[PDB]
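*Asks:* Residue-level listing of the chains:
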Amino acid sequence: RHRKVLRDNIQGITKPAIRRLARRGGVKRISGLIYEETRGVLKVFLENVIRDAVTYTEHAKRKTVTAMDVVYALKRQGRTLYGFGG
Amino acid sequence: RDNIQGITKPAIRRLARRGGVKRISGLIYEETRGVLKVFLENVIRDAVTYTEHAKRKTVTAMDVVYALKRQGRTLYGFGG
Amino acid sequence: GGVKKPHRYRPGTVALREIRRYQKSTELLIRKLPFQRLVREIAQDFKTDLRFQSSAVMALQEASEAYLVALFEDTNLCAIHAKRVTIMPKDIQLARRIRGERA
Amino acid sequence: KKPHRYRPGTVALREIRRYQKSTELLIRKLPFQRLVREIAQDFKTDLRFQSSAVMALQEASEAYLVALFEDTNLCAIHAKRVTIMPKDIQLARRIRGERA
Amino acid sequence: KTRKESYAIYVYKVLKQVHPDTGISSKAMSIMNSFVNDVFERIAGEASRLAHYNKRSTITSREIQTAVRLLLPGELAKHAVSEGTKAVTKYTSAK
Amino acid sequence: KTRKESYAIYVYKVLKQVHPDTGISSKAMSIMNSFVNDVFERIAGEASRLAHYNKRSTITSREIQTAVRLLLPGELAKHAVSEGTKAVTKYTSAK
Amino acid sequence: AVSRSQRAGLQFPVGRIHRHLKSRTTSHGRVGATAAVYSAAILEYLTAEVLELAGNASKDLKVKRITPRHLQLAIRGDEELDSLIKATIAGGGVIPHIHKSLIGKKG
Amino acid sequence: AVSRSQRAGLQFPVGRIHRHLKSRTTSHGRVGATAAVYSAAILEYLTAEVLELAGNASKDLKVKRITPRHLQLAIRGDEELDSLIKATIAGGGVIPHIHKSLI
DNA sequence: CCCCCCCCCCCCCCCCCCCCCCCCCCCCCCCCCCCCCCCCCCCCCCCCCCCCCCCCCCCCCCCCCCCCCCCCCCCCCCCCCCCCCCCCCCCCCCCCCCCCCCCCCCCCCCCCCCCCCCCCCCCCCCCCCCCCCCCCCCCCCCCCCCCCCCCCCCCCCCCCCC
DNA sequence: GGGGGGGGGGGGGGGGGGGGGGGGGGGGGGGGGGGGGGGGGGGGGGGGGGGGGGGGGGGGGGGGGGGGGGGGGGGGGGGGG
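Protein sequence lines, in the order shown, are assigned to chains A, B, C, D, E, F, G and H.
The opening position of the first sequence corresponds to residue 399 in my numbering, with each subsequent residue numbered one higher.
The opening position of the second sequence corresponds to residue 10 in my numbering, with each subsequent residue numbered one higher.
The opening position of the third sequence corresponds to residue -10 in my numbering, with each subsequent residue numbered one higher.
The opening position of the fourth sequence corresponds to residue 155 in my numbering, with each subsequent residue numbered one higher.
The opening position of the fifth sequence corresponds to residue 13 in my numbering, with each subsequent residue numbered one higher.
The opening position of the sixth sequence corresponds to residue 13 in my numbering, with each subsequent residue numbered one higher.
The opening position of the seventh sequence corresponds to residue 381 in my numbering, with each subsequent residue numbered one higher.
The opening position of the eighth sequence corresponds to residue 287 in my numbering, with each subsequent residue numbered one higher.
Hints are computed from structural coordinates only; laboratory data are not their basis.
Be a bit skeptical, because a hint or two may be false.
Unchecked claim - Listed next, the in silico EDC-like pairs over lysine to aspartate or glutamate satisfying Cα-Cα at most 20 Å (straight line): (1) C:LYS79 x A:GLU434; (2) C:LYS13 x C:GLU90; (3) A:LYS459 x C:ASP38; (4) A:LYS461 x A:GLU445; (5) A:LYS461 x A:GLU434; (6) F:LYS98 x H:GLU335; (7) A:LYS402 x C:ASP38; (8) D:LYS198 x F:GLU87; (9) F:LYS67 x E:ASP50; (10) A:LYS459 x E:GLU58; (11) F:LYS25 x F:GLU95; (12) F:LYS28 x H:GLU366; (13) D:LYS234 x D:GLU224; (14) B:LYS64 x F:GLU58; (15) B:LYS18 x D:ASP200; (16) E:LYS90 x A:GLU456; (17) C:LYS79 x D:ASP200; (18) D:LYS175 x G:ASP440; (19) B:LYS78 x F:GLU58; (20) E:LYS28 x G:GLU432; (21) E:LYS90 x A:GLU435; (22) G:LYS466 x E:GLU58; (23) A:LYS473 x C:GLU90; (24) G:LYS466 x E:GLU53; (25) E:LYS90 x C:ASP34; (26) C:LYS13 x H:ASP364; (27) G:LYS402 x E:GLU53; (28) F:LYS90 x H:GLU366; (29) B:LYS78 x B:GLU50.
Please take these sequences and the hints and turn them into a complete structure.
*Replies:* Below is the structure:
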C-alpha cells in the first residue's frame, strides 16, 4: 500500500566501483570523463537486456522476472551466461 | 609464384580504397594475405565438411553459404 | 625534517598494486543494493509492478561486470595503440565502433 | 618533356571515390580460384567446385577485407596517422574477437 | 527435375503494389528471396524456443508476436505487429 | 511435474575418474551443468540442419559426427570423434 | 475456393508458410490456425519496407530496375533495416564515405 | 538387463540423451539407435577435458574443491577450450595480465 | 672531389648507498555452514520385447555442368624521383593519482506475511488427420522485347604549376 | 592570376545480354468437409519465495588538498609511400 520513487540510480555506479572494474580490466590511469561514459554504456546494456527479459516474463504471463528470463535474454543477444542456466 | 601472391598489391590496394583508406604502409600486403588465408581456411574447412557429409566431390554454393552462416558471416544472393 | 617527509607512493604505484589485486579476485565489484535499484528503475520504466527473483538480479550483475571488464580491456588496447596509458572516452567509443555496438 | 605530376594523395582520393562508387569484384578471378582450390586440397583431394561456389567465396572475402580495412583505418586515425599499418589490422582483429 | 520453391513471385507482387512501374533484376530477386528465408527462419526458431520455454506444444500467433518483438528494432516491430494483428483479424472474420 | 533433470551425478562420476580426491562446489557444478546443456543444444541443432540440408529426416551417428567436426576446434574434434566412434562400435558389438 | 492468403488479404502464401511451420516443430507439436497468417503478414510487411526504399533508391537514379546496389543503398541507409539485416549483400558495395581527416590540403 | 550407457561403456546417460533428441526431433523426425550413444561420448569427453584442467588448477592452489575461478583459469588457459566456450563464467574473474607499457 | 677528416653533442654509463613501510604473502588456525549424506520412498524412466512399418541407401540411369584448353586480351610489376609524413624529441601546463579525514549507507541478520505461481485436475475448444477434389507453381521451352550500360561528344571545372 | 593540362560531368546514343511474355504440362500443393483426438485454459490449492520492516556498525564512499605525472602541442629530421 505504499511507494518510493526511483530516480537517478545510475549514480549508484560510483566512481570507486568504476575504477575497480577498470583495474580488473587492467587499466592503469583513468581520465575524468570515463565515469559518465561508463554509466551511459552500462545503462544501454542493461536496457537491452532488461527489455528482452521482461518480454519473456510477460509472454509467460508472469509478473516475476526470473533468472531464466535473464539467461534467455542474455543468450539471444549473444552473451551467454553460465551459473544460473546459460 | 605462390598462389597467395596472386592476391597482388594492386588488388589489395583496391580493397583498401573501397575501405576508404588513403595511404598504405608497405608491410600491409603480407599481413592482408595472412588474414585472407585464415578467413578462407575457416570457411573452406566448413564448406568441405558439408560436401563430404553429403558424399559429393563438388563443393556447392550452398555448402559455402551454410559455412558462412555458421560463422556469423551470412551472405545473401547465392541460394539459401 | 623533524619526523621528515611522510611516506608517499609515486603516482601509478598504487594503481598497479590495484590491478594485481582485483585481477586475482572474483567478487562482484559494484555494490549490490545500488545495482538492484538501477535494475528496478530501468525495469519499471518498461513495465510497472514487476517483481524479481533475487537470482535474476544477480544474473544481470554478473553479466554487467563481465561486459564492463571486457570493454575496459579493449579500451585499454585502444589507449596504448595511441601511445597513452590513460583511457579516454574516445578509446571506449573506438572499441564499441569496432565491436559493432552503439550508443 | 611533359612535366605533369599529381601531388601524393590526390590520385589516392580519386581511387577511393571511384571504388566506393562501384560494386565489381576487385581481386582478379583465376588467382583467387587457384588460392581457394589449393587451400581446399589440404582438407580433401580431387575436389571440384561449382562456379557459383567460388563466386560466393569471393564475394564473402572481399566484403570481409573491405570491412576490415574500414576498422583498420579507424585505428590508424585514432593514433593520429593517415597510413594504415599492420598494428592497426592487429588491433582491429583483436577487438573483433578474431585473434591472430 | 525437382521443384525448388522460391518467394520470387510473391516478392514481385509486393513489388507491384509498392512501385507499380519498377522492375527487379535477377540478382536482386535472389537477394530478396535469401532475405525472406532468413527472416522466416529467425522467427519460427524464436517462436518455437518460446513455446518450449513455456512447456507448450503449439506455435500460436502469440509466439510469433513475441518473437517479432524480440527480433525487430522498435518501429519496424510496431508496424509489423500492427500488420500481423490486422491480417489475423480480417482472416478470423470470414467464411 | 516438479522434478528437474540434472547432469550433476554424471559430472561427479567423471570427476572421480580424473581426480579421485577432488570435489566440486555447487556453483561450479552449476556452471558444468550449463556447459553440458549448451554443448548438447549446439550439437543437436547442427545435426538437425545437417539432416535438413540433405533431405533426410533421420538424425544418425553420422550427423552427430559431422556436427562435432563443425563445432569443435581441431584437436578436441579428433579426440571426441575417436571416443564417439569407440562407443558406437562397442555398443553395436552387443547388438 | 478463396484461399487462406486471399482470405487474409495478403500476397504471401499462407498455406505454404503453414506447411513450413509444421516442420520447424518440437517432435510432436502443432501449429495454431492463425500463426501462419501472422507470419505471412510479417514477411509481407518487411518485404514491402525494403522494396519501397530500394525502389526509391533506384528512381532517384533515374533507372527502372532495383539492383543489389540499390538494395545495399536502401538497407545501410536506414537505421532500423541496417540493424536488422547483417547479411552481406552480394554485389552491393559500400556507402560512399571519406573520413574528414583524410580529405584535405587542409587550409 | 544392461543399460544402454553400460552397454556403450559410458558414464553419461544414453537413454536420457536419446529421449532429448527425440523431442528436439522436428515432426516426422527419427533418431537413430547410435546417435544418442555418440552424443553421450562427446559430452562425457568434453566434460572430462574441462575437469582434468580445472582439477589441476585447484591443485596448484593447494585446495580440494574445484570453483568457478578454477573452471575459468582452466578454460581461458587452453587455446581450444577458450575458443569453444564463449559463455561468461559467473564468479571466474579474469586471467591476470598487465601490458608491458604500463609497468 | 663527395667523402673525409674533423667536431663537438647529446647519450649513455658507472657510481654512490642506503631503503622501508607497506606490500603482499604465506603459513597457520579455527569456527562454521553448507555440503554432503544417508534415509525414504517414488513417480519416473529407461529397458525390453515383440509387432509393424519405412525411410534411406544404392545401384542405376541420366545429362547439366565442371574442368580444360585454345585463342585472344589485359592487368601487373617495375624502377625511379619526389615530397610529405611518421616519428622523435623537447617543452609545458594541466590533470589525475595518492593520501588524509570524516562520515554514513551498504551490509547483515531475522522474520514474516502475502503475493503469486506452479501443479493438478477438469473439461472442451481447437487442431490434426483423412480422403477427395482441384488448382497449380515450378519447370521446360520459347522467343519477343527491352532496360541497361558502355560509349561518345562536348563542355565545364578543378588541380597543379608557373 | 594565369596558363596548361587533365579529369569529370552532362546529355545523347546504340547494341546486346538480360529480362519478359507465352503456351503447355503435371505431380504436387491447396482447399474443402467430416470425423476424431488432443493441447490447453480455468479453477482451486497449497506452498514457496520475495519485498519489507527493524536495527546495528564498519567498510565504503565522498570531498579536499597537494604534487607528480602525463598528455598535448610544436618543431625538426630522415625516410618511406
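*Asks:* None of the hints should be skipped; say for each whether it holds.
*Replies:* Each hint, compared with the structure:
A distance of roughly 13 Å separates the Cα atoms of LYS79 (chain C) and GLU434 (chain A); the hinted pair therefore holds under the 20 Å criterion. The straight-line distance between the Cα atoms of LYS13 (chain C) and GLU90 (chain C) is roughly 29 Å, outside the 20 Å bound, and the hint therefore fails. The suggested pairing of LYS459 (chain A) with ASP38 (chain C) holds, with an alpha-carbon distance near 13 Å, which does not exceed 20 Å. Restraint check for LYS461 (chain A) and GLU445 (chain A): the C-alpha separation of about 18 Å stays at or below 20 Å, so the hint holds.
Annotation: proposed proximity of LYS461 (chain A) to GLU434 (chain A) is violated, straight-line Cα distance about 32 Å (limit 20 Å). For the proposed pair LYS98 (chain F) and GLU335 (chain H), the alpha carbon gap of about 17 Å is at most 20 Å, so the pair holds. For the suggested pair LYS402 (chain A) and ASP38 (chain C), the alpha carbons sit about 13 Å apart, so the restraint of at most 20 Å is met. Between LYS198 (chain D) and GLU87 (chain F), the direct Cα distance comes to roughly 18 Å. Compliance with the 20 Å bound is thereby established for this hinted pair.
For the suggested pair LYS67 (chain F) and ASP50 (chain E), the alpha carbons sit about 19 Å apart, so the restraint of at most 20 Å is met. A threshold of 20 Å between alpha carbons decides the hint, and for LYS459 (chain A) with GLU58 (chain E) the separation of about 17 Å falls inside it, so the pair holds. A threshold of 20 Å between alpha carbons decides the hint, and for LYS25 (chain F) with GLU95 (chain F) the separation of about 17 Å falls inside it, so the pair holds. Using a Cα cut-off of 20 Å, the hinted pair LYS28 (chain F) and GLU366 (chain H) is violated, with the two alpha carbons roughly 24 Å apart.
Simply put, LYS234 (chain D) and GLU224 (chain D) have alpha-carbon atoms about 15 Å apart, close enough for the 20 Å limit, and the pair holds. At roughly 17 Å between alpha-carbon atoms, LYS64 (chain B) and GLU58 (chain F) fall within 20 Å of each other, so this suggested pair holds. Straight-line distance between C-alpha atoms of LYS18 (chain B) and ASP200 (chain D) comes to about 31 Å, which puts the hinted pair past the 20 Å bound. Only pairs whose Cα atoms come within 20 Å are accepted, and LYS90 (chain E) paired with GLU456 (chain A) is accepted, the gap being roughly 17 Å.
Distance hint between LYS79 (chain C) and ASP200 (chain D) is unfulfilled; the C-alpha atoms sit about 51 Å from each other, more than 20 Å. Distance check on the hinted pair: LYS175 (chain D) and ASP440 (chain G) sit about 15 Å apart at the alpha-carbon level, within 20 Å; holds. Between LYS78 (chain B) and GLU58 (chain F) the alpha-carbon distance is near 12 Å, which keeps this suggested pair within the 20 Å criterion. Straight-line distance between C-alpha atoms of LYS28 (chain E) and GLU432 (chain G) comes to about 10 Å, which keeps the hinted pair within the 20 Å bound.
For the given pair, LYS90 (chain E) sits about 30 Å from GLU435 (chain A) by alpha-carbon distance, which is inconsistent with the 20 Å threshold. The suggested pairing of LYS466 (chain G) with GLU58 (chain E) holds, with an alpha-carbon distance near 18 Å, which does not exceed 20 Å. Between the alpha carbons of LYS473 (chain A) and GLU90 (chain C) the distance comes to roughly 16 Å, so the proposed pair stays at or under 20 Å and holds. For the hint pairing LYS466 (chain G) with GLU53 (chain E), the CA-to-CA distance comes to about 15 Å; that is within 20 Å, so the pair holds.
With a C-alpha separation of about 18 Å, the suggested pair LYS90 (chain E) and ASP34 (chain C) falls inside the 20 Å cut-off, and the hint holds. Restraint check for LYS13 (chain C) and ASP364 (chain H): satisfied, since their Cα atoms lie roughly 18 Å apart, inside the 20 Å limit. For the proposed pair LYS402 (chain G) and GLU53 (chain E), the alpha carbon gap of about 13 Å is at most 20 Å, so the pair holds. Among the hinted pairs, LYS90 (chain F) with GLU366 (chain H) is consistent with the structure: their alpha-carbon atoms are about 12 Å apart, no more than 20 Å.
A distance of roughly 15 Å separates the Cα atoms of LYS78 (chain B) and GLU50 (chain B); the hinted pair therefore holds under the 20 Å criterion.
The structure does not agree with the numbered hints 2, 5, 12, 15, 17, 21 stated previously, though it agrees with the rest.
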